[PDB]
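With one protein chain removed, the remaining protein chains of the complex are shown where they sit.
Letters A, B, C, D and E mark the chains in the order given here, with residues in each chain numbered from 1 onward.
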Amino acid sequence: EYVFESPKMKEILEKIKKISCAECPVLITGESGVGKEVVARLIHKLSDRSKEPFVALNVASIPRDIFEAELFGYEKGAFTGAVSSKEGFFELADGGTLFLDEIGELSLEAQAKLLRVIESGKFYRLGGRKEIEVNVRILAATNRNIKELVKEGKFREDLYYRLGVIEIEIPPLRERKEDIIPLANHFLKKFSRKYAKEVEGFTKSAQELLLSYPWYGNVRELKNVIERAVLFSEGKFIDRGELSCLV
Amino acid sequence: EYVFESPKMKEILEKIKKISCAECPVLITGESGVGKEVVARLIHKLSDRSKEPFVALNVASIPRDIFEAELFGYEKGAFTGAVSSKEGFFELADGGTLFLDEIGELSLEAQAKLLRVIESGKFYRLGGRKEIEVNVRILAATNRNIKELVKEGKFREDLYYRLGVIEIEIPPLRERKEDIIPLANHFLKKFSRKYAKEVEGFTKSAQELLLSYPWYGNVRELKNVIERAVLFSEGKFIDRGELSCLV
Amino acid sequence: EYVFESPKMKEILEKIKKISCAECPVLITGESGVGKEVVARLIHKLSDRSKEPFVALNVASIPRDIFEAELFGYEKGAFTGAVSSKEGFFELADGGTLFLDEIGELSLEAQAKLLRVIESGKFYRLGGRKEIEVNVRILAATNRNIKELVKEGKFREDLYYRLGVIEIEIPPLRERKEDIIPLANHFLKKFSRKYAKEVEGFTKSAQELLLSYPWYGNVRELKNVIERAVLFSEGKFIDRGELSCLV
Amino acid sequence: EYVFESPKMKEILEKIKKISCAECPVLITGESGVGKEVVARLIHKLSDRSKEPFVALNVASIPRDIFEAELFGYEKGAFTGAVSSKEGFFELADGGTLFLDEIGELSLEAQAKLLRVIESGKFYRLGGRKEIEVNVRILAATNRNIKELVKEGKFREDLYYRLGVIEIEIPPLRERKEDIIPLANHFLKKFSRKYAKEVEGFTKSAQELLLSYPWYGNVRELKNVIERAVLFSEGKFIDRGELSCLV
Amino acid sequence: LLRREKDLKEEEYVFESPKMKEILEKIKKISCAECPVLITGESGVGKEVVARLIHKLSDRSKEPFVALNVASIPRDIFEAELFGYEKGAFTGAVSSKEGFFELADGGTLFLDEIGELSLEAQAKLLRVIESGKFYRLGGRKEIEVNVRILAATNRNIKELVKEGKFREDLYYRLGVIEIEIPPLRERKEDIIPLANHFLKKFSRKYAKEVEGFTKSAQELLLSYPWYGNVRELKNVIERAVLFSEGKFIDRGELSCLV
Partner (left out) sequence: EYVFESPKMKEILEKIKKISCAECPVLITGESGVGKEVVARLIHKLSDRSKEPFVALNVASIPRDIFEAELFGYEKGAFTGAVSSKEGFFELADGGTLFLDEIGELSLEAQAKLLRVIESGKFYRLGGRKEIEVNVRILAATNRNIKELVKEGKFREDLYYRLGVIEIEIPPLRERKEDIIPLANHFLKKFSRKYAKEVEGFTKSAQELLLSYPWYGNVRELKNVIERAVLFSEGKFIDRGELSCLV
């Protein structure tokens, strides 16, 4: 029910469908709020692994101190914790796909811990003495410029080229004008339902404006703008005037 | 109890009643001491959740070390934490409202931690392997210009669009002259009673001064000036002369 | 046992007596050694709260790391913190008065933490989920000019309006000529007693020069100068010569 | 075993004996190696506390992170302060004398922490709820020009007036010619004893040179020069030639 | 065979120079001395060797010799690893721990690359160097230890003092005895004996047939103003032996090295 229109955005859809079967690293890039999360969620859904669990993690929100332990896991006892052994996030995602959003904001110290893990697909639980092997597809996302961080010495060069084997860029909305209106309508359906309103669609006078506003917040800002409009709506349609106070 | 007399403020008064039913995040701006907290607490009382918990947080007062742990919560066995597991502030506010005050003073590193939590209402407990989802309405406030801070790279662009579903600016007092006297009189009533004094109201010449002093501290300054005035009053009324030493 | 002889100090002394019933924060300013500390104790003794605890604190002296914990207090578990629950200085002063000297030396980042505590008198213990409310009258003092610093952006504007309910400035010593001699005798009386000397009073020639001194160190400097002078005293009276080497 | 043959140092010696009874802080200044430590160590021996504790401290050797803790002391709790409670240096010096060497090397921010402690002799232990009071004589030393530092804003004026009750200036060695030879013989005595040598005294020509030698390092340099000579000595006396080589 | 290993006779060492011969004698005089020593010179001149030697000829030769790169100590634990620390006062460890100073008690302490220290860091050592006294971190008992200090730097230290880049008061604590090591280019006599010594060592390890140098080669070595000094030589000789074929080395083999 989602929207893929325009020559630019439709082209990406083909790329994704072909790599659905692949076991190899993925690097997703673009501004935040362009729909990168949907794509990340989509690759898993379209893959040979569609029925398995999808584990969402906000990286960098993990403290550096428990990062390795909280991720890879630990056994019973073994450096003053609990009594019983506890699974790590990788083993829970074993056979599945793990999505790390905003990887580019990760600390230099933490990257090194997962670094050796990337190539071997093997690791040691903290305090565990038996090497474990798991099968996990890695997905990554960031709203920032990764190319820059490497040049600034803020990002390891070797990690970029390992994850950046395949790189998929999402362009902003201002470079996809054809996609604007169909999306706006999709949100109307959702918001009209939520707040139980009588709204149907937008007047043409309103529609012309969206194209001239170069949308710095992309999809994420739009979704918010519509939600505002539906709430203050009176009739079933929204005029340019109701947007004017919004802009 | 609460005072709104003004063109500017009455417009806002209407705005709140419509989102009383709304489930989405709110971002309040204005100088500090214009009543941002009153607005935040009021939305809750006027909403359908008015009977549920309301959690007030300074968020600048939170220590960096426990920031992650004290917020989301943890399961027993996170690097020798306690014995027992403890819920987080998000879980405590479930069904209720969570207010993050003076958010604009937060460091970029910390802002990012909150990213996945706001929109999805989902997160992971520390040491927990089970994804938790809770229902909490989020309000935020700051006394600085956040739109400018983003442009200066001092505040995350992606976080702004998550909280900024609704944006409400509070105008200063000098742009609300009609609010001055009602506010001034209301504060006097409580203080005269509290400190058991004989004071009732203001002389005409005194009232004229309040209108001419362009109030840089806004409403918060007013309350104090009356409190200063009430304590030193002799007769039942306050003249312009008694204010002269205060201004 | 305290000395107030002067037009300047007697006027202020009256103000203190009038606010004895008031429950609100006070801001003391002045050069170092002018008695800013004395007033803070005096307000307490003359107020209705005079019989309850008076807590003296160098706020600048609080290390940043435990700054939050030592102030608000904490529950048992805090990253292997203690065993037992412990109250903070705000809770310790409940029903009493809390005196923060050198408020002006705090970093902008740290000041932000104190905001909700000052006005609401409310906070959350560390690891505690129940909002606590305390009753504390706040007294503050600083050797800096706050009105200037705010304009220089070196001090939070919003915090000033929270603490600044009552503002007391106080003049240096050179602008109080009447206090010099009465004070000098008290210290001489004190030190002659302490150090068992034969000294009684001052020669006429000595006294005239002393009054014409700029006194950058104010009363504290006097106390030191008398202590220095008494030790080297020979006769029962002190001449201009023993003081002359200091000026 | 200490040497004072100079007119200036003899006057100071008298000055010291008169102030032996005082309980108040002393500030010693001068070039390094002029004997600032012997005087400080001596005053204790001549005071009423000569049998009481003498605490020697390099305030510069205290690391920034525990500066607060190592000084005031701490209770089991607080930091993750492990298990045992520990006294602070101030509690250690109660009834005794506290010697702070190289006070002049403190960072302006750090100076402020000890401020209330110096004058009041009062503080709170870390995690402690009972105010502790001690009676401590404070001694301080610096190799820097302190009068200058205040004027440049590099040293707080407020601390100076707390510490600066008694100020003792030690002149360099080049301004005490009378002290040179008596000192030299004493140093000759010790090293001749330690290294079991045959040396007795100086040639007439050599002694003259020492007097014309602008000692920049003062006594500390002399001691070293003597130590070199005793080691390399052959006969019972040292000629100008043995010194000519140095340097 | 590899790098003796039972070291009967010997690692030995070469001193044939007038300057170095004079310095060797000076050392013999301080064998009884308990006082700090300051060694200066270009890099690779044997400053470490002298330091190890002063220890060997002293009365403390049988007691501990603590070798330390001070520059390598982290700023954060610098105070702690040095003076030592008690059970608390950090979030450090559990148990109390001795410092390197307390470890060298009765012995000799060698501080290498002292000249690279930051002014903030130098000030901390003051009471410890001259008085030999300090307080352990979190400790309330004043500790007193007996330690002879040796120091080294590859820079000009008097210069640093005059430039305000090195604390003056500290200089007079360490600088009781000061030893300036001249470079090799000012010791011409040491050149040939050294090269021969290195050649023999490497010939054994890497089993080659080389014995000595041609007359033409020796001339070049003398005209090479050795900016890396002996350390450069040791490397240069080691380089030649591996690539050596016959028993002698000509000037041609050196040209690619210089």
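Definition applied: contacts are C-beta pairs under 8 Å (C-beta built on N, C-alpha and C of every residue); 3 or more make two chains touch, one makes a residue touch a chain.
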Sole residue of E:24, E:71, E:121 or E:161 that reaches the chain not shown, by the stated touch rule: E:71
Listed residues E:32, E:49, E:222 or E:242, member touching the removed chain: E:242
Contact partner of the left-out chain, one of E:34, E:63, E:105 or E:116: E:116
Absent-chain interface as seen on chain A, which is shown: 19, 22, 24, 65, 79-80, 108-109, 112, 153, 156, 158, 161, 165-166
Missing-chain contacts mapped onto chain E: 2, 43-44, 67-69, 71-74, 76-77, 80-81, 90-95, 97-98, 100, 103, 112-113, 116, 154, 205-206, 227-228, 231-232, 235, 238-239, 242-243
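Going forward, only the chains that are shown with their structure count from here on.
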Rounded Å distance, chain A centre to chain C centre (Cα mean): 56
Inter-chain centre distance, chain B versus chain C - centres from mean C-alpha coordinates, in Å: 32
Multi-partner residues of chain E (each touching 2 or more other chains): none
